[PDB]
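Using the sequences and the hints given, assemble the complete structure.
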Amino acid sequence: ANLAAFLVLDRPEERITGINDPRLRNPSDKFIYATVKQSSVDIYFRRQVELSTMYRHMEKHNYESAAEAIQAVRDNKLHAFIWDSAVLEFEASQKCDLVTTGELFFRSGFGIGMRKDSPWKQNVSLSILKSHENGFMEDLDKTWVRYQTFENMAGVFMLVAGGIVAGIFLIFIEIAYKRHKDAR
Amino acid sequence: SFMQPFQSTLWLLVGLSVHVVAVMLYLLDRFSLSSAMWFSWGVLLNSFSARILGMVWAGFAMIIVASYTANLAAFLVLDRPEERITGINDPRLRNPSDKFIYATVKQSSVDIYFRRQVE
Amino acid sequence: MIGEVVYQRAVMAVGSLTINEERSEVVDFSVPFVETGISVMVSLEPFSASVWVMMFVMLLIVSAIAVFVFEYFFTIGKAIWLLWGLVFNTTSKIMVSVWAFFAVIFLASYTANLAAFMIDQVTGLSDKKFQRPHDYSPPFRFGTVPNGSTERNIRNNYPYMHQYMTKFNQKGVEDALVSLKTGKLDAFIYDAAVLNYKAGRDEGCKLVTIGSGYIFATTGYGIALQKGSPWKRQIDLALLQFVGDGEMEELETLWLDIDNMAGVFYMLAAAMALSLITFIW
Amino acid sequence: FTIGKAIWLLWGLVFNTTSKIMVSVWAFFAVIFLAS
Amino acid sequence: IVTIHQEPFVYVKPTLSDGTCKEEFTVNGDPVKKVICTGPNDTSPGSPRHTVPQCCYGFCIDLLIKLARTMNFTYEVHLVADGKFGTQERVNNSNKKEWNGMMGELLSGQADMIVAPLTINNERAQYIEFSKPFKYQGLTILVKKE
Ligand SMILES: *[C@@H]1O[C@H](CO)[C@@H](O)[C@H](O)[C@H]1NC(C)=O
Ligand SMILES: *[C@@H]1O[C@H](CO)[C@@H](O)[C@H](O)[C@H]1NC(C)=O
Ligand SMILES: *[C@@H]1O[C@H](CO)[C@@H](O)[C@H](O)[C@H]1NC(C)=O
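Protein chains in written order, with the authors' numbering: chain A, 649 to 796, 809 to 844; chain B, 553 to 584, 603 to 617, 627 to 698; chain C, 496 to 538, 550 to 579, 599 to 614, 625 to 654, 660 to 796, 813 to 837; chain D, 599 to 614, 625 to 644; chain E, 400 to 545.
Bear in mind the hints are in silico, worked out from the structure with no lab data behind them. Among the clues, some could well be false.
In the PhoX-like style, the derived pairs of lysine-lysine whose C-alpha atoms are separated by at most 20 Å in a straight line are [claimed, not checked]:
id, chain 1, residue 1, chain 2, residue 2
1, A, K841, C, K628
2, C, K721, C, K711
3, C, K738, C, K724
4, E, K544, A, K743
5, A, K790, E, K465
6, C, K738, A, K838
7, C, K669, C, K711
8, E, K433, E, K465
Here are a few chain A residues that sit away from chain C, every Cβ distance over 12 Å (derived from the structure) [what the hints assert, rightly or not]:
id, residue
9, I680
10, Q719
11, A728
12, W768
13, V793
Covered stretches of chain A (chain C as the covering partner; in silico rule of three or more C-beta atoms under 8 Å from a C-beta of chain C) [claimed, not checked]:
id, region
14, 668-677
15, 699-713
16, 769-780
17, 816-829
No residue lacks a Cβ here, since even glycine has one placed at the ideal position from N, Cα and C.
Rendered as structure tokens:
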């Protein structure tokens with residue numbers, strides 16, 4: 649029964665699906681999560697008109713920067729944080745103490761801002777296609793995006821070790837006193 | 553499965569281990603009788628060199644039986660089979676399967692609903 | 496479709512075509528909507555106590571201190606025998632009883648760890669298997685679909701690899717599927733989206749790509765338009781609105813033991829070593 | 599001990625000559641039942 | 400060009416006291432280009448902003464250098480004063496519709512190109528042209544591991 653109760657009621661840490669998570673549909677104040685600013689996350693939230701009020705309640709503020717948001721999340725000030733998957737997974741690779749959860753939604757790629765009248769759009773697009781074709785871009789991505809039995813059991817092992825050493829230490833003098841009493 | 557689920561050679565392996573520990577115990581006793607097998611069976615199931632070897636064999640046997648019990652418990656826990664349907668939303672119902680036969684009676688309200696939701 | 500667009504026979508055309516370097520030179524297309532690329536589609551310690559030595563040293567030291575305390579109360602004839610009997614199968628019995636309790640707790644924790652534990661081949665083109673398929677006795681027949689972005693890419697990247705793949709070139713899709721099912725080809729190279737769809741709708745889910753993120757050349761699909769056609773702006777704006785309104789996500793959705817051998821070997825080695833030591837002594 | 603010995607052994611094997629094989633397989637059945 | 404400070408792609412830090420930025424090597428023993436990127440000293444609003452030269456590097460700058468070498472361009476990396484992407488927002492007292500951040504910098508003509516991890520958006524593409532994406536991804540949820 650102890651094994652069953654250990655395997656159940658565990659610390660699964662729900663992988664927070666995000667847009668499909670029922671617990672995120674209720675804007676509970678005990679679980680605070682918001683974006684940084686008016687950027688693409690806020691654009692998507694405003695564009696999604698079915699739960700615009702829910703998205704507004706979820707945000708409830710605008711953070712100064714993504715670095716400050718990640719620092720607050722690391723300090724456990726924010727329960728959850730929403731941003732681009734590449735940044736989150738790079739942060740997770742840098743520090744395993746931060747984990748990325750949820751599937752991929754709104755798969756929109758990056759881009760290069762340019763004026764419409766600028767004639768370099770074709771050159772930039774062709775250069776990007778060439779880079780994707782060659783291994784130079786692949787190697788650059790690998791260099792820049794690819795990076796690097810439990811606490812409870814160790815703690816209980818230390819506790820039982822302390823208990824057994826204390827027990828043998830006390831039983832030593834207990835048996836010494838018993839022998840002295842028997843052999844007066 | 554009541555018996556061993558997979559890798560049924562464990563019986564032969566434990567028999568060979570019993571034989572080798574028995575002959576080793578005989579050699580140790582000679583360099584210190604059909605009783606080594608009985609001692610091994612008693613070690614497996616509750617009812627200087629020699630004692631050390633016997634206790635090491637007993638530890639290995641208890642580890643093996645604990646692992647076997649854990650495997651049996653895990654196999655018993657693993658049952659799944661949640662009717663494999665769980666409502667209309669299921670991959671089996673989405674793509675028809677010849678092996679799994681399912682249909683309605685006739686051109687009833689269910690048939691009309693299926694025709695209306697033509698996907 | 497590219498030829499149809501070239502001769503002004505189709506101003507606008509979408510056929511889930513793969514974006515390529517040469518295609519942009521001849522024709523133009525809007526922003527991609529579905530990510531795709533080149534993918535590869537193929538068909550005691552480990553159980554519990556991975557650290558092992560970390561707790562083994564503690565067990566050794568506690569056993570040694572227990573033996574010393576019992577001697578203070599035979600070091601090897603009595604203390605060792607009792608300690609090993611606490612794991613097998625007067626006032627001095629209190630320490631024996633508590634050590635037996637510790638051994639029982641350890642056994643229960645080991646069983647719990649076993650229960651908790653019980654309840660790809662390549663990472664892309666970096667490995668030498670693709671570069672040197674002849675290093676193994678069975679040839680690494682890859683195979684590719686001709687007249688395609690994948691074969692164009694393998695032509696542009698490696699000539700010798702392209703020749704080797706053309707040595708086992710087939711039509712693909714259906715031929716690739718039947719070859720993978722029958723084991724004719726170890727792995728096949730084709731569009732990432734098609735391979736993902738086949739894996740999602742695979743018989744028994746025995747076919748799957750190599751994890752995720754191992755795409756050799758990630759591209760998109762887009763919609764091909766005629767050069768100079770006054771529809772690029774409207775098409776891209778409408779597509780971005782659709783993907784921002786959740787239409788793209790909605791369309792995408794609803795559409796597509814060994815340790816026993818190690819243990820017995822370890823126990824046999826330990827028994828042989830102990831027998832040799834006793835014979836020497 | 600006839601009555602005492604057999605029943606005592608049967609109850610002992612629940613927890614942790626040629627006839628030793630039979631008591632061994634009975635203890636195996638008992639431990640299998642306990643595991644189940 | 401105006402670039403937003405993002406850790407995965409833009410490693411913004413103050414330059415060395417000599418006036419330049421020290422050059423190091425990666426894990427595989429290759430030098431990493433570190434162009435001088437002038438920008439505001441403090442990103443907090445209501446602070447004495449100073450255009451001190453910072454050192455920014457990463458993957459986006461490498462792609463920018465490759466594009467410049469292929470098309471004979473030049474690099475003029477400068478940090479955004481606002482420190483945000485600068486999308487469409489409601490101005491005070493309903494004055495007019497305009498853009499801030501990098502988008503506003505591009506519209507005002509101060510910077511004619513944006514090299515930053517900015518995703519493709521409908522309203523962004525309404526007024527600003529976007530090239531083919533160099534990487535495809537979809538935003539996810541970040542939670543502290545425990
Ligand atoms: C690159 O730009 C030059 C001048 O703007 C132009 O002549 C050439 O065709 C362009 N090449 C590509 C591939 O866009
Ligand atoms: C193009 O397709 C034809 C048949 O449709 C085939 O014979 C030819 O080999 C293909 N081209 C290449 C380069 O494989
Ligand atoms: C690059 O373009 C510039 C245009 O200002 C030209 O002066 C220079 O010679 C070109 N370099 C090469 C290698 O074509």
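Going through the numbered hints above, which ones does this structure break? Give me the numbers in ascending order. Hints 6, 7, 13, 14, 15 contradicted; others consistent.
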